[PDB]
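In structure tokens, one chain follows: the form deposited in one PDB entry.
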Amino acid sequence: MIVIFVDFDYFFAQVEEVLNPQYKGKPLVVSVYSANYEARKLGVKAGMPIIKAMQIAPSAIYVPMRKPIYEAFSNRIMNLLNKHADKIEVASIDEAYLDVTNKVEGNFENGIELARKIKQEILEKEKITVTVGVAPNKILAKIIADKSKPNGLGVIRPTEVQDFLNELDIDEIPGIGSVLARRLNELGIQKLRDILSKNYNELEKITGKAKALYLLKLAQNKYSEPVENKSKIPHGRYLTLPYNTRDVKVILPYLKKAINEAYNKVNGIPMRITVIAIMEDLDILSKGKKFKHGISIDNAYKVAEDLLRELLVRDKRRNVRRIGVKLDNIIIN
């Protein structure tokens, strides 16, 4: 497996800079009410109140939040990436995994060259800089991309893995929380390797349990989780009911309609389906089911109808004001 991990550089921020060449240096916070490096350098983050940041650097612009454009910009780059992979797994709106093993019959050097091309190309078409990582599995491809996220191009070759793994810290591993990492560094686990010194229960107690199996696997480079030709970006359509009720002959037609539209706005069989029932309070009540298979419009109606019944066996007195569906994990191609 020769996985290539693509990751757009401070996307929202870099997109703006592209339309607004002005700020081709100027510390730009990308705000969302109801941020690029130059401003990020001044302690700026993502997840901490807008107040502070543009206070902690009021000189920093707080440009609007135009997600529909970041989306059309990300849909275009992703299609530009599909052509270059035996298969692609769109992670988020600006992160993808490509398995190109065969587009290059297992030749690692030829993957690094491909990556150098893909990096190029996205530049001549969207003029965006991306940071990729070429490695044996997905976890190494990502971890190495980050070690040089600033328009980088990491490369972990098959034979330099067990080495790399040795000198790999805990604070550089995906899925581990910074809060959980701080706990592990207190108990003396600095490198991924030190994980092996502890014995599982001592570890599960701390990390999740799922992260324990994860870390351990990673530690020994077992963790060879495949790239799945599928998009993890969800899509949902919800309808308002005539008036709030608990009928079914009335709700169901209005759920199948939500299903048909969520289905028209997606590009392939969904593997998960979720019946979202907004009720009389204003307040959510959900329950969906994931199929490895792939689903289809057919069972969509059938299965939806079941999750709906259950939700109706979950809150009573409470009628229903709007039914929806949230399709996810769209098997593509």
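Residue numbers count along the first chain shown, from 1. Definition used throughout: the rigid core is the maximal C-alpha set that superposes within 1.5 Å between two forms. What changes on going to the form deposited in another entry:
- After superposition on the rigid core, the Cα atom of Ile69 is displaced by less than 2 Å between these two forms.
- A displacement of 2 angstroms or greater separates the C-alpha positions of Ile284 between these two forms, with the rigid core held in common.
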The other form holds:
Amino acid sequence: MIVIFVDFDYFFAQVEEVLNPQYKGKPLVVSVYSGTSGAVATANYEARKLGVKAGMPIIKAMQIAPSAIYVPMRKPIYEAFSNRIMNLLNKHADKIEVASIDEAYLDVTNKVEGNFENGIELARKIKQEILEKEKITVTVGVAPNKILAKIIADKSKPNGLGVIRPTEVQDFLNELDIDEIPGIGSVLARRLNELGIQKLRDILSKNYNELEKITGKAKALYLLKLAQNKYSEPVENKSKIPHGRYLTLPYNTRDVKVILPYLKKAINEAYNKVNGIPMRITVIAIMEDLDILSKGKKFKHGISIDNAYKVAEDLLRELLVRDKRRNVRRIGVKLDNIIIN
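Switch from the form deposited in one PDB entry to the form deposited in another entry and give that structure.
Below you will find a single chain and nothing else.
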């Protein structure tokens, strides 16, 4: 199995530089505020070094990057670029898994006839084409599985091209630092380091229960398997980017007879702006005081539109059997986990 992981380098910030060449070089920082009140969404490296990162309040960033160029967030533009690149990637693989607006996995075990050396060749052409047609740098990782593809990709960005051949696998995992593993909090890593866990292999030298009471069943199994490479999940041909259409009722109430008709229209519109069957459906109800109140359900197989109406109605019922004295002002639907192709 040959997996190619493609990650757009500080995407949101890099696009603004493509639309404003002059900014190229200076500490750019994509902001996300409203109402002041906001935070840092993205920032190129010329701004990262100055101590600016995502999640960091605009103020704290401004106080550490005054000369930094701050620009509001125009997601519709990023979305546009994202769609263009993702579809460009779709033709280069047997299966494509859109992890986010800037992350994707590709199984090319067939396009390269099972030749791992050609997967690197392809990942070279991919990295090239994106740069040509879109003027954007992406970091790529080429390894037997997703986790390895992503890990090597991080240790290689920006503009990098990480590679882990089938033979250098078990080796790579050994000298792999806990702090380089995705899914582990920077906090849980510090504690692990304090406990003597420096490399991923140090996990294969400690009572599992003694490891769970620190990490937890989830991450413990993940780390233990990862230290053996038994964490080789196939590349699902789907998209994890949410999509949902909301609608405002002719007047806010709790009358299912009035709400439902609109809930079904929201479902129809949500299905039109989607390229496949959703594996999860979430009914969102914007209540009189504008606060959100939702509930959803995930399915193995795809969820047909006719099933959507049924499932959605029950979800709507429940929300109403969970909140009283609160007419619904708006009602929408949010579809996720789309089974593409």
